[PDB]
Structure formats: C-alpha cells, structure tokens
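Working from the sequences, and respecting the hints, build out all of it.
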Amino acid sequence: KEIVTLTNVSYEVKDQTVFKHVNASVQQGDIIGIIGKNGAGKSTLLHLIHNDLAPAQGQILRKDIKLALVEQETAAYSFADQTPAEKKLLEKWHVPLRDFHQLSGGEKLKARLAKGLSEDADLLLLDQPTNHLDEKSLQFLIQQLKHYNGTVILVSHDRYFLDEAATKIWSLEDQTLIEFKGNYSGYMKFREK
Amino acid sequence: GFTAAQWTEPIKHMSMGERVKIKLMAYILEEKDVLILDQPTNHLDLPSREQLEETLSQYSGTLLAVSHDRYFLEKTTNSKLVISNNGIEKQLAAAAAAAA
Amino acid sequence: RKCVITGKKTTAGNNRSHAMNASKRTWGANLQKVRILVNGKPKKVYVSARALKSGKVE
Amino acid sequence: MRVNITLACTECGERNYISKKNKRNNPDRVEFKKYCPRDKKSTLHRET
Amino acid sequence: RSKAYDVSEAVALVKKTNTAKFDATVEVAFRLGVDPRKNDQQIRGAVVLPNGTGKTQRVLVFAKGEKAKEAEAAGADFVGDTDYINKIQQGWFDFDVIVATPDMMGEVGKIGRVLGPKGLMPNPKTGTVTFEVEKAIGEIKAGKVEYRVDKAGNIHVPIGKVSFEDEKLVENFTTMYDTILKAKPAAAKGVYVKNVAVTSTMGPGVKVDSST
RNA sequence: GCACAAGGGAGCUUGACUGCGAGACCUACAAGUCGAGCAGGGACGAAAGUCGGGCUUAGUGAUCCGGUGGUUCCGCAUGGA
RNA sequence: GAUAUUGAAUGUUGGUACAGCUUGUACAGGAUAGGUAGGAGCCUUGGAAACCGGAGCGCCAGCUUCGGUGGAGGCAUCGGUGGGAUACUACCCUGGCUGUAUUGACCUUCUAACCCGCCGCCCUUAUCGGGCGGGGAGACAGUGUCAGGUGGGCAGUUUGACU
Ligand SMILES: Nc1ncnc2c1ncn2[C@@H]1O[C@H](COP(=O)(O)OP(=O)(O)OP(=O)(O)O)[C@@H](O)[C@H]1O
Ligand SMILES: Nc1ncnc2c1ncn2[C@@H]1O[C@H](COP(=O)(O)OP(=O)(O)OP(=O)(O)O)[C@@H](O)[C@H]1O
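Residue numbers (my numbering), protein chains in the order written: chain A, 106 to 298; chain B, 12 to 111; chain C, 26 to 83; chain D, 17 to 64; chain E, 27 to 238.
A portion of the hints provided could be inaccurate.
[What the hints assert, rightly or not] To give an idea of the chain B side of the interface with chain A (calculated C-beta under 7 Å), a few residues:
id : residue
1  : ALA15
2  : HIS24
3  : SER26
4  : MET27
5  : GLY28
6  : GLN50
7  : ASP56
8  : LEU57
[Unchecked claim] Here are some chain A residues the structure puts well away from chain D; computed CB gaps all over 12 Å:
id : residue
9  : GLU117
10 : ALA190
11 : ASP204
12 : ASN254
13 : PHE295
If you are wondering where the hints come from, they were derived from the structure by calculation, not from laboratory data. Every residue, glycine too, gets a C-beta built ideally from N, C-alpha and C.
As structure tokens, this is what we get:
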C-alpha cells in the first residue's frame, strides 16, 4: 500500500516556479531517492511533505504522522540525549558526545542523523546523509536502511549511494518531478532512451 | 556555473546547495595560485563535482585536497597525508605492509 | 439458432460509440451446441449457456 | 506575470474582493483591510 | 497446544503448572491490538483484585506537608524527613513500590534517572501520585500494582498464586479483562483481542479464551 | 488636455469600499458611458473637504455546460442526502 | 485480452484462515542486556560439570538447539561494570524451515466437454447429415458478451466571409 500521495504540487518563491504538476507516491518500505540539480527544490520538497513549508498549489495527503526531518546545517543542533537507541548509532560510528561547538564538521552530521533515526520514524525526510562520511560509515548507512522499519526519502547526489540503497527515484528536473522505480544505474539508461 | 537569474538573493537564503558555489566562484574567478579544499565534493552535484574533479587535475599545483571520497582523489592525488594514530603519515604511494 | 429450452435468441440494438453515434448492431446468444434428450432420444440441439448451468440434464 | 487575486476575509472567512497583482513584484501573500458586508466593518483580508 | 482451553479449565490447570519448589505465581499475558508507536493508543490503568495477589509489599511514600500524618497509620514502612534523596544517592537498595504526592514530584523528578531504568518513577498517569495517600497505601498492598505497557504494546498483570482455589483466578482474570475493556482508548484500529496466555511462573503458557 | 497642476517630491495610507443611485449621453437589440446624492464603514486632513482606481478615451468577448466559496432558498411521503 | 462454454492431476512463488518456533553483543564485562513488571531462589537419577559430533546464526566474540560419553554439579540476587541486571511472562517482525485449507499467476500432463472439409459399419442404391466403433486435436480452438489496438475496405459529413 502507499502511505503518502502527491498531486499537482507546486511551489513559488522569488526566483520562479520551482516545481509544478508533481504526482508521486510513498509506499510501505520503498527506498525513494531524490536526485536533481541543487537549488531545484531538492530539499524544499522535503519541507513540503513535512508540512514545514505550505505549498502554494497542489494537495499533499499523508496518513502516518511521524516525519523525521534531518536537514543540512541544523546549526547548534540540540543535545537532548534521550531515548538511548540513539547512542547505539553514536557509538558504532565512533563519535563522542561531549560537545557540539568544538566538534569537527565530520562528526556533527553523524550526531544529528543519529538523533534523527531513532526518535521514532516510519518515514525519513533527510537531506544529505552522504556528506563527510568515510566508507566504514557510508557502508553502515546501507546496512541501516536495508534493515529499516519503513520508507526513506533522501537527496543523495551520488551514483554510489543509489546503486545499493534505492527502489524509486523522484528526479527533480525542469520544474517537474518524474518518478522511476528500480535502480539509479538503469535510471539514466531510461532517461537517455 | 549554476545560477539562474538569482543575482540578488541573500546568500544563505540562497539554496545552501549553492553557497558552496559562492565560495567556489569567489576562489576561481581570481587565480589565487594556492588552494586548500577542506572537503569540497559533498554538497556538489554529479554535473558539478565532475568538472571540479576535471579542472583541478589541470590546475597548476599547490593543492591540499581533503576529500572523504575515494574516486574524487583518483584525479587529484600525487602524494597523501594519511592521518593515523600518533600523528601524520606522509605517504607517496599506498605505503602499506612495510615494503621489505 | 434460438435455444431449445427457453426462447433466447439473437436480438438487435445500437452500437453507441463516443459522440453517441448510433450504429446498428446485433446481440447473439451464448448458445454452445451440446447433446441433450429433448425428446426421449438425445438429438444434439443448440442449448443456451444460461440454461446449461446446473439446470438441464446432460 | 500578472495574476487574478481573491482577497478572503479573516474575521468572516468570506471572499468578497478581487484585484490583480504580480507574482514577481508581490511574491508574498498580500493582505489589506477592506469592508466585509457580513461583518459590516473594516477587516483585514487575505489572498487565497 | 493446538487447542484453546477455557477459563474454567485453565485455572484448575495452572494449579498443575507448578513445577518448582516455591509456591509459584500465576500470571497472565495479553497481546494488545493497539499501535505502540503512537502515544494515543496507550492503555495505562490499574485496578484492585477482589481476591488479591499473594505477596507482601513494602511501600515507601514521599508525602509532603500534612499528608505524612495520615501516611504513618495506614501501613507504610518509611515516609521520610521531607528529603532523603541524598540518602538515595550512593546507596538505596529500593524495596518494592515508590509512590508520591503532586507537589514534590517535580522536585524528586529533577534528580535524574535513578528511577528511570528501575521502574518506580512517580507519574500521575497511574493513580499513584495523588492527595489521597491513605487510600493509596491501602489499595496497593491489597491488589493494585502499577500497570503500563511496553514499547511493543503489552501489559503484564499478576492476578495471583498457585495455591489459590479455582474460583479466585476466574474473578481475577474477569476483573482484569473487564478493566481492559473499560480502559480502551479512542481510534482503536480493528480487532482489539489477539491472545490470552495464562501461565504460572515455572511453566509454559496456555492460550485461552477471553469471555468464558 | 494640463504650470490653481493632471507634471514632480515626502509623510500617512487602501475609497483599486459595500448596498445603491434621482437624472442623463449613447444605442436596433445585447450592451457601453457619466452620475449629484443617501446610508453603512473607513483613509488623509486641524477643519473645509476629497477619495466607488490611475489624465481622459483602448487593454477584451455573450449564452450553454462544468469548478470553487458562501448563503433565515428549495429538496418528488416524512428527516436528511 | 478477460469472461462463459470448461475440468483432472504435479510442482512453483506471494498472501491469508489454523498453526511450529528461532533469531538480540558500540565499550566497560567473567560474557550476547531489546525493553517494559514480579523477583532470592531455581535445574537436577523422567540426569549436572566436562568431552565430542552435527542442523543454525554470527558484528568469528561466542551463542543456539539436538544427540551421544559422563556422574552429582550447575545457575540466580548480592560482588564488579556501566545508561541500565542475568532463574519465568510476553511481545518486538529485525532474520528461517515444515505441514493443513483456500488464495492469485506460470509451466507441463491427462481426458470426459467442444472440434475433425480423418477411417470403418448402419440408416442407405447418397462426396449431404447422423448413430455407433477407432484415430487425431483437446480446455486450446471455435462461438457469445465485454474491452483495447488496427481499420479509406466501407459510410455520413464538413471544407467561412469581404473582394
Ligand atoms: N527560502 C527561499 N526563498 C527564496 N528562494 C529560495 C529559497 N530557498 C531556495 N530558493 C531558491 O531556490 C533554489 C532551490 O532551493 P531548494 O529548496 O530546492 O534547495 P535544494 O536545491 O533542494 O538544496 P540543494 O541545493 O542541496 O539541492 C535555491 O538555490 C534558491 O535559488
Ligand atoms: N577544539 C577541539 N576540542 C575538542 N575536540 C576537538 C577539537 N578539535 C577537534 N577535536 C576532535 O578531533 C576529532 C577529529 O576532528 P578533525 O578536526 O580531524 O575533523 P574530522 O575528524 O576530519 O571530521 P570532519 O571530517 O567532519 O571534519 C573530532 O572527534 C573532534 O572532537
């Protein structure tokens, strides 16, 4: 079954229409990946489905409420060290807790994506989990998401991360979302055709 | 180099998948003759990091390219600094298993 | 061509397409010729497939 | 481009008004106080 | 184990599921049909058993003000000198049950998780933090145990002993099942009943009917 | 047509209002244009007053059928739909 | 193409209706602690420590079961750790096997429906058809409804005004 549906969803800001006539579906455990040029609503779409931003046109219907939002630059991210399944993530990846401001840039996304995976989520709205990760953590992502509770929607900019960790692709393009199921390697085979 | 008619947006009301690009333009417009790239290739795009993968090979030297990618550095590496236990390891090759 | 059990035969009506163009069309009987004893003997007549389901003895 | 604009009320929620505006010179949702004949007073309206 | 026994058979049969040497305790598991990830479909209510449980408790109270004066005559072991959490720090073998009053609960709570992973933290969702401390001591010793569900939506309830007679556990399971029927939250999706497992402490479970 | 500004500035603003409208111009009709004034609520102004878009005339199309919003309307016996 | 004529078996991958139960460690640790509640004892001649073999996972640390040698020993609070205690109760759907009943799809195979402008016999002096006996095809085909594509092979029509 599906969980979230989108129909003719658009968005208006002070460049031009970013986004128009958007028809897509989230399902029961799909691994959906956003690809698209940066600045093309790659993560504005995530704030539309989160209801973090109110869309100008189009109807966004959802069923299950839990929306885990893991964005880029959450900018003195909180230290509510609660619900200790987070600390399993915070200790596989080898990251200490002690500070936030003196940490390197490499540790802070691994300490934000940590809190995001384990609040409670049947639906992940995460921006870019593949920035400043080493391969022992990049490989740990795919074993998370394969062994995961529900649907994941990510904005990767990686041909590497989507050969393993994708079922659908919601490619953003010339102001229009188009979805394709199955892989990313055969996706460009589909587009060129 | 990826902008629309966006000559005046506030530069972190921008997109934030730009603003790496703003830094990048401000460097490469002016021939600064020394660069250090503390992790460039992660916010960029598959058409954006590719041309930076390409032109930095044709760059005229003195580059310090930190990159957690394994495939970006295959175009921008001659020598390596493998930071490890008890400080640096200045490598000039793979330098594993202590060549005998 | 009519069924021997009930008076079920070919009728006629309209082929109404899109734009409601009324072409003129026929409606056949799903009849399916089988061997039945209409008299004391079996005679192999037309039947219908509405009347063949569980009602009439083969 | 120039768009047709309805200006729905807030005290009543009733629409009551139309004028035009730019999507570029006025990219935000515009608001004015006009007269609501259900509310029988001046009321802040709202593009919907 | 293919057959679902009755309530009148399983009470007489969990007599026979006493294997060890201690006089064992018959307890009931019940699989719920709510969603444990949502906080709205949460059954958390406790009730008194008309024939009891068969075990001695030691309830220590955190009564404040005049409420300590009625707490020392109901049957409680130790009340306190209005603050003995410093005596709780670096020591404190806790005994059975911790209840409190709705005034110092916040103060005790701001002390940390010395009650989090130990399951005795006062919380007024369970009827244990109230102004009626005299009525709260007298019902917990003779019945009521603090009841809440897990992270997968299940409730555990001690209804009694092996040595109780056959007519005691029938009313105990009847009272607890009628309580579960009155404690049903809103927006419950579909079939509410999944499984009843009546067991003793030393023995397997018997999946029996809910309404016989 | 305009230098008493209708042309220029700045402040404050939403009258680019609601119900109308005596009487006129125009015109085969359908339409189109002007309208003092009244009431309700406002804007500016100390007040007088002016404001129902722009300096006037262009910037647009009938009905039918559908959509949206609202309504002391109807609703195929009655209550709803 | 579906559906109706049009059913008989043998496997298949999903899912239910009844059912089996196993899988669980960041470090500290004597270790593999998923958590919520009771908890100072339980397991043993209807066998404990230990050895060994194998189904099974494994983040290869060590667990899990079953069977076989053994002979009275394991194991729990407390001791230590650290965010949290080890003997039952359930679950968590993370990660399997096996059977019953249907469910959808696919492959084969059968024959009794249907078909035979195949043979022989009779009706019968008949290249008709039709009864019987074989043979062949055979759930197809044909045929009826429903549907999509294709379709100038055919049909009704349109193909403006000023000048
Ligand atoms: N809040 C905003 N207001 C106005 N314009 C914006 C805003 N956010 C983005 N834009 C414009 O739209 C473009 C797309 O922004 P968007 O929300 O898609 O981020 P994104 O591109 O998805 O992030 P990334 O660049 O990592 O893909 C921006 O680059 C900017 O030019
Ligand atoms: N000022 C500081 N105070 C405390 N710890 C620090 C400080 N600077 C760096 N560290 C520690 O050094 C470790 C490594 O940081 P480093 O500067 O190497 O960045 P990094 O490890 O490459 O991460 P990233 O790739 O995100 O930049 C981090 O775990 C961080 O806590």
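Could you work out which earlier hints the structure fails to respect and list their numbers in ascending sequence? 2 and 9
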